[PDB]
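Starting off with a structure, shown below.
A selection of the complex's chains, in situ.
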Amino acid sequence: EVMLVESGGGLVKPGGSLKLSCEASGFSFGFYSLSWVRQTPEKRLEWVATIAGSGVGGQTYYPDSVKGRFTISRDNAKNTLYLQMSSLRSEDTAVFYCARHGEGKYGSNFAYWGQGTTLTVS
Amino acid sequence: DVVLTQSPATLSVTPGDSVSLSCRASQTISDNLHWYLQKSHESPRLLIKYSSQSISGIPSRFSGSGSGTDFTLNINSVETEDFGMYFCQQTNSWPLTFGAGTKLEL
Amino acid sequence: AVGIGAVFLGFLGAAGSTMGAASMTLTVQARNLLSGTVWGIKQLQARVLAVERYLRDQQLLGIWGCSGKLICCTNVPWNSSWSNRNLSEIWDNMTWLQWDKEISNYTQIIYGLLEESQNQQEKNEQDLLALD
Amino acid sequence: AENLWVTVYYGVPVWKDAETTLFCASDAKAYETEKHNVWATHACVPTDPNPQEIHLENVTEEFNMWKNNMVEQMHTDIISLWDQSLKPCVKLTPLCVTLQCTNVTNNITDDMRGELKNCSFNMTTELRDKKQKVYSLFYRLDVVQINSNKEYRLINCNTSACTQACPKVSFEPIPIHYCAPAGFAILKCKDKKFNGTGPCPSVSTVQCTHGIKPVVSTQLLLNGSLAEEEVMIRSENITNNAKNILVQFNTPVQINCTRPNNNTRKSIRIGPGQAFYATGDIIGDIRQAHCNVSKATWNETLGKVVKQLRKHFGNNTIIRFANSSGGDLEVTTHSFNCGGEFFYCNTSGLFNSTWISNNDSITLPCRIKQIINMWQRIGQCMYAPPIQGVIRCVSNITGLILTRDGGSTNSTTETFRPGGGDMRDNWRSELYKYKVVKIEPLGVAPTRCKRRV
């Protein structure tokens, strides 16, 4: 079945760095676009980063609020997704979810969500 | 950015009644609209993709409609397990944005 | 509209991959099977060879229990005289062309077993319908 | 557990080698020229845009181009539609009359010889009773001597009465995209280092081949499919002496063949509605048609192929060239077509060097023949009609057809000799990338599931 398990969350001082991981199984990992989306303690959902799949073009997408600071990457040979965080801010505190998209034209949606890992920056 | 406005923000309904949830976009997202339910202590789960096509595993009481800027999620006999936070989502343009959610209470 | 969906190559794309990577998309080779005064008969004998080799596999597929399901279980057991291989290997180690070499003697024994195992289940379904 | 069950799998990628009838794909842009000015422009299919050339990763396949099929079928049907474009044209039987030929009016030097004979004869008009006395002009490769006086006859008048060619049709090559029908794939070897046989570790599946130009050259392949990086040579057993060495080199060598006589045409009426076009007066001077190549490009290209030949024959090997010691006029010569006329050149200023392991142009005196016996069949020829004006074409020499010299001694030299032979070997320089496989879906594999009732 499709499995997404994130790890690496923690308490970070502001200005610090942290690498998140998402271990996936049950599908051809490299073909799917993958994203990190976070949910704030007030329960708002914020898209954080996307890396396209192998047959999608493999580019990365970030909102302006994180560009130059956040890096989404994948290691397709090990079916693992990574999220590299630098210059962390207290506003980054959230549960971070790994998510897998769908297929074809009607596959830009989030198809699978992880359990989430907690980042607290203070 | 596309702003998604969900209405109402919170709503209490008795199990068995039917509801219509509104999502309004600041720009046209004609078929770019998905619905998710997030219950308490859980991750979100996709309910409806690209405004109206139903998803295997989502109950038939869930129905979607709407085109352009105005979209509607119908729940046609609400069950106890359906109560939670409801989000709409657009894929028409970057950045990805959500509606504020309708919180359905019993 | 952002175009984020996942794409899985196209024709004969996973032709070297393992069985665990070949069985996700079989339909892409499925749908490109019908559409796509002397040089018209080279058109004629290419068309009636294409529709002929489509109808023969759609008939051998049709006369088992699998109308258009394109992947379907059956009831016949796997005699180890056919393959004698482990199960845990032959879905993620090998690939399909070594299988088609590894089994090509034992075809036309399997297709007769499949037809009799369908027609026996067919008449037993009729015998079930006959009593009530 | 161990109770494994058969599960069939429809639509599964495997193929075996096979051979079936392929078809055209004429380019749609060549459809504007109305009603078959060349053969096969309305008869077979307009092509498609952007053919889905898609890679097949992690796939190796044992190719072959010598035991390959589908280059014999293309030779078969190109023979057949060559006969299809001659069946409407007028048969030229009543031209077999005893000629009377003198030298053409020209400054006859004793060193040179008369290339063109006059040959005034008798011929029926459209009326069956009268017989006009008409004259023409003829090449020496079209007359033989009936043996005071001097009376000739046609050379092909023995054993093969053969048709004229209608000036509506044209012998120019158009590109041809061969396409497989539904259910068959065409594997294309994308390897930039690939001789004849051997696993090609970079294949790709197409449905239609790239635009193949059917040309007819014996030596000096023209106008097609240059190599990627080096000069690639490829053969069968290179320790055989009967198998040609199809050299295909990387940069093209531009040839500029021409014919500077004006060569005015005229129409003699054979009978009812049967015109015959014979060359009348020649305006200007009687000069020989030739071909030219640049010495700096050609000597450098032979410097390349003498490097690549030592990869197969070792180093310190004194490789030399020669000029196809003997044979007929269609193997000793660079036989080709140019604008509708059939040149037979003399490649003996080209293939003449010797190589040890340590602005001007070369002119090749060509010569023209009007009757044509392509594919060397027993009872056919093809009288190509004359064409007006000076004739000029520009082509790319792309590949050679060499042939080793079957020594049996412990020498070092290897006197290569050119030789055309079968014209299929030209198209084996075009159909070596492509093999044709037959798709066999509906596989079968055991797993642990049963069809529930």
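Points to keep in mind about this one:
Every chain is named by a letter (A, B, C and D) in the order it is written, and numbering of its residues begins at 1.
We take it that a residue touches a chain if its C-beta (ideal position, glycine included) is under 8 Å from a C-beta of that chain, and two chains touch if they have at least 3 such contacts.
Summed over the entire structure file, the copies of each protein chain kind amount to A x1, B x1, C x3, D x3.
Keep in mind that, in the parts below, only the chains that are shown with their structure count from here on.
As a whole-number value, the distance joining the C-alpha centres of subunit A and subunit D reads 61 Å. Here the spacing of subunit A and subunit C, counted between their Cα centres, is 39 Å. Residues of subunit C in contact with two or more other chains: 1-2, 4, 9. Contacts with at least two other chains are made by no residue of subunit D.
In the complex of the two chains, the subunit C residues touching subunit A come out as 1-9, 21, 24. On subunit C, the positions that touch subunit D within their shared complex are 9-17, 19, 22-23, 26-30, 32-40, 42-43, 45-47, 49-50, 53-54, 57, 60-61, 64-66, 70-78, 83, 87, 90-91, 96-97, 99-100, 103, 107, 110, 113-114, 121, 125. Residues of subunit B that touch subunit C in their complex: 29, 32, 91-94, 96.
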